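One protein chain omitted, others in place.
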Amino acid sequence: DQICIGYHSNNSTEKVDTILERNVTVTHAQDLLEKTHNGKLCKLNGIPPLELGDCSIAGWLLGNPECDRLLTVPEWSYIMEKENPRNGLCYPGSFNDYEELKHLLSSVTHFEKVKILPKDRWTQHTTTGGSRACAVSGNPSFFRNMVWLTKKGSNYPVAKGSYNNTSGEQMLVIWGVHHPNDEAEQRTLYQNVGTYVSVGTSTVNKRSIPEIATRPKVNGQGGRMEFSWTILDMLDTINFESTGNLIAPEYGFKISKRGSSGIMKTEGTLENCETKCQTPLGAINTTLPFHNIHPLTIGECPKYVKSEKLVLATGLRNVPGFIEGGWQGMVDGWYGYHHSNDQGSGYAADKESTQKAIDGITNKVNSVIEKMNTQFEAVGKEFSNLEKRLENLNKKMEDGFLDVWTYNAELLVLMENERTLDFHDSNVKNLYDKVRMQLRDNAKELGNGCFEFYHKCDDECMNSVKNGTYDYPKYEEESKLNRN
Amino acid sequence: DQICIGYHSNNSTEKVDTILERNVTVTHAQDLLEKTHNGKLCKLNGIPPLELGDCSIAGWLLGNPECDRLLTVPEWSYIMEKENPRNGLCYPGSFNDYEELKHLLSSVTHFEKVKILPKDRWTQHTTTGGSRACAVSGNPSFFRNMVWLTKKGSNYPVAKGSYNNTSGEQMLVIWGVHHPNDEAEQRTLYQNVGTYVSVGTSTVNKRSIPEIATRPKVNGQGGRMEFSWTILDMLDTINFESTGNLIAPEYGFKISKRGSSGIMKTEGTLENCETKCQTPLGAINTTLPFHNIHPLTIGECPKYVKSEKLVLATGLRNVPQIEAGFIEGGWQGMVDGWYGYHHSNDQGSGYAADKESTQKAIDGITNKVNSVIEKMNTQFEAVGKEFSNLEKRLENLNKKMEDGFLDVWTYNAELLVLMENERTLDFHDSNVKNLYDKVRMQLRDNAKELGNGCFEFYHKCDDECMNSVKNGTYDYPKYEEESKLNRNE
Partner (left out) sequence: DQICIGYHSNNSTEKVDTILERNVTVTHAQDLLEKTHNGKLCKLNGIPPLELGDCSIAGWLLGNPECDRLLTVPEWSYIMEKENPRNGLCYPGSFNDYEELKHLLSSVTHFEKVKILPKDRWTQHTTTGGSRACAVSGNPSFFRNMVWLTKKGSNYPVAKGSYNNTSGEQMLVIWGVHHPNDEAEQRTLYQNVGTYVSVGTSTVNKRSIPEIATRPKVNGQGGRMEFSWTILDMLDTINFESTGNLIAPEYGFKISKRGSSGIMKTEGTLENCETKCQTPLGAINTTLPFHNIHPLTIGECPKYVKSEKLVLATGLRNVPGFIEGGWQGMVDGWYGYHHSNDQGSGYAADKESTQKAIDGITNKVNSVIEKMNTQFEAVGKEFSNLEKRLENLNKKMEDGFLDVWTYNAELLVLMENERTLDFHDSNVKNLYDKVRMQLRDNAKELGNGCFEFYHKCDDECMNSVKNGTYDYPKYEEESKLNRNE
């Protein structure tokens, strides 16, 4: 009668890492990292994104003539913008607090255009101005959402306009000022000198004086246009007054939906899919809790780790008694209790320690996945030319948190793998020690892992041993008899 | 003649958590987290806070007529403010660099009001102006700490004012400019167009022009007042000069105490205590090194971890015998030590507890606890800050930084406690096994092990011999022949 204790072995070829060892073969391994994407920019939960194409956000909002397909826009999930869009400010100029506006838009879904100041009310001015820098079929044109006020005859009466926000939600209004390149152009466009533009609401209050200087010709013109914006609250009023150099708005952008969104800097084109989260390189379809594609993602999907391998060893060592190696024969459990009697042999497994080990390993896996749900998520942000210190601060903070969490994940995986391998070895050793303890001195220890019984006993005796019910006082006299 | 080795079990029901097992019962556990507070706003080391109430900081410094109880305030320890104070700028307007002023005030204790420009020196102008927006008992009034200069008769001569800071410390000066809502109002109040307000110090150079615009009515007025500030260095001079639209200061605020304080956003009222540190929800009076009430605290008290439970296992496992050794469970009789060494002689018995291993294990566990506590004293402490409407990027940056550091440190603390529990339980098991192995080793082969954790001596010894075996002075050559003779039977 022999009762050898061992561990199940198989033919898997999965390798894991450890603190003391590298490239170790195990039986069962669970991967936690996804490294594949389909390389397609496409829908999020059935709502298509907004594709600006060769357009900028400023060009979309001001109404660039080239960007005429964005005049009416349905609900969206995210915004796709090129890194250096070509169609931006048709007329050269600047946008004040552009990056703050982009940050505000990042969490704003569907807009709704409202005609707040029609073009027919300006009866004492000319509203048909345009420039060749914004040309359609060769003829001069202008922004679609704004009006350029100019002389009518030879006078420029004081321009007044007001809007009381009775729409129902918050509204965004954009206005501008014009800066000519000489006094002659100012006199030929507005018939006044020392003009002003005044805007006033319940919170904001500006009065801007046009600035005239000689400048290089950008897009053919030496003049510039300065654009500002504000957010108008419910039941609030905005007032406009100008003796000259006013670019009045015609539409305000009501905020309609709101939600979680973002702006993506991609060079791709919209295709037809349906994914759950989207990265600037492609979509992700996964159930694993980590990925290594791109830090900036939109939707609900795994955390980002800057690593190439994250494999958790949930099985045993693959080395083909337990002092020589594993057993290929066993298929039931994890720990070996070889059967060999006179009437027959067998390969029965142990149902006691196996369940405990499975529960412990599953608890460890779940704890590892659970400890990392509080990771750091990066959010896109834009910074101007004179804000390089802030940009460096943001970049360094994001990189530092990413490195910290990558280190944490890798160290946890390594330590858990080492603990798992040692845990299995200790479990097998403890089972062998318990068998030797219970059986006591009524056997000889062969050395390879099992005992040669000193007393002849049968199926009932040794399944009693397996159940931990061997009774030393029950059968020892014949053992001592055959001891001689 | 029979010795045994086991461990100690008791009646405790504290539960601890481990990286592999959940809700494991132990003998002794030490708590580290604190989850209670009195829910009262009260004193810090005997110094009461500055309770603004319904007033804002601008309303306190400018002298809003509703904030007349704060004209002279004593030394404070922190400032209590509401999220949306009702009484701020009674006359509508703005306040340039408000948040920088609040950041400066977060580290400034007791002020001292000094009359730098008396109201009576303006003998060529009118100083009795006021608005119904800041009205007391129906009649018009104005800010208590400022002067509104208007024309006297039909003339507004150039107004000049200087102050040389000989007060002995740094001074805070606040001025303003009035923006009317048409040209007629400007001519009715100052009798001039194209006016200016100029302020000049050694490091400050400004010249503001009025901005006339059509605006809605806030608190009944269409005009606005813009306020600015500066910090005057010692032995420095500040100059004022204006053709119109000047809201001149009358008092200057002198920094006197300095120290560590803060601005707390709360909606409660002051009460009677004496606390060591204060949170916006209450106060903590304990000695544990962790808490989970609110990230922003003023004073000296534990660090913040976003966890619900943090218990360290400083004891054995609790699996007592159902209905005599470590293979079955623990013994209730060991009240002297941690590692039991039950003995039983021919004439008597007992439950003596070992000493050499117990003291070493106690020292090790205490060192581990102290190391865990000491490794986490370099945590991240959150500091309150305020941001404007056009600074959302900066606010998001600050919020993300604080939240990320809190998450990192919470993860560190939780993982450390888990690993400590695992290794402590394994340590105790290994130490019991080591003691048993040492006893078996010294015993050599002069006993038959019963299996249940202990062996019955083949040689018949007495109290002295078995005490020597306990101490570790068992001599094989002295008592081997009789043992062999007995085992021959």
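Which chain is which? They are A and B, in the order written, and residues in each are numbered from 1.
In this section, contacts are C-beta pairs under 8 Å (C-beta built on N, C-alpha and C of every residue); 3 or more make two chains touch, one makes a residue touch a chain.
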Given A:123, A:137 or A:214, the residue that touches the chain left out of view is A:214
The one residue from B:12, B:188, B:359 or B:371 touching the chain left out of view is B:371
Missing-chain contact among B:188, B:219, B:237 or B:260 belongs to B:237
Even though one chain is not shown, chain A touches it at residues 19-22, 94, 179, 211-216, 218, 224, 323, 386, 388-390, 392-393, 396-397, 400, 403-404, 406-407, 410-411, 445, 447
Against the hidden chain, chain B presents residues 97, 99-100, 103-104, 160, 198-202, 205-207, 236-237, 239, 241, 364, 367-368, 371, 375, 378-380, 383, 385, 387, 394, 397-398, 401, 405, 408, 412, 416, 427, 441-442, 444, 476
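What we mean here is this: only the chains that are shown with their structure count from here on.
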Chain A to chain B, mean C-alpha position gap in Å, rounds to 32
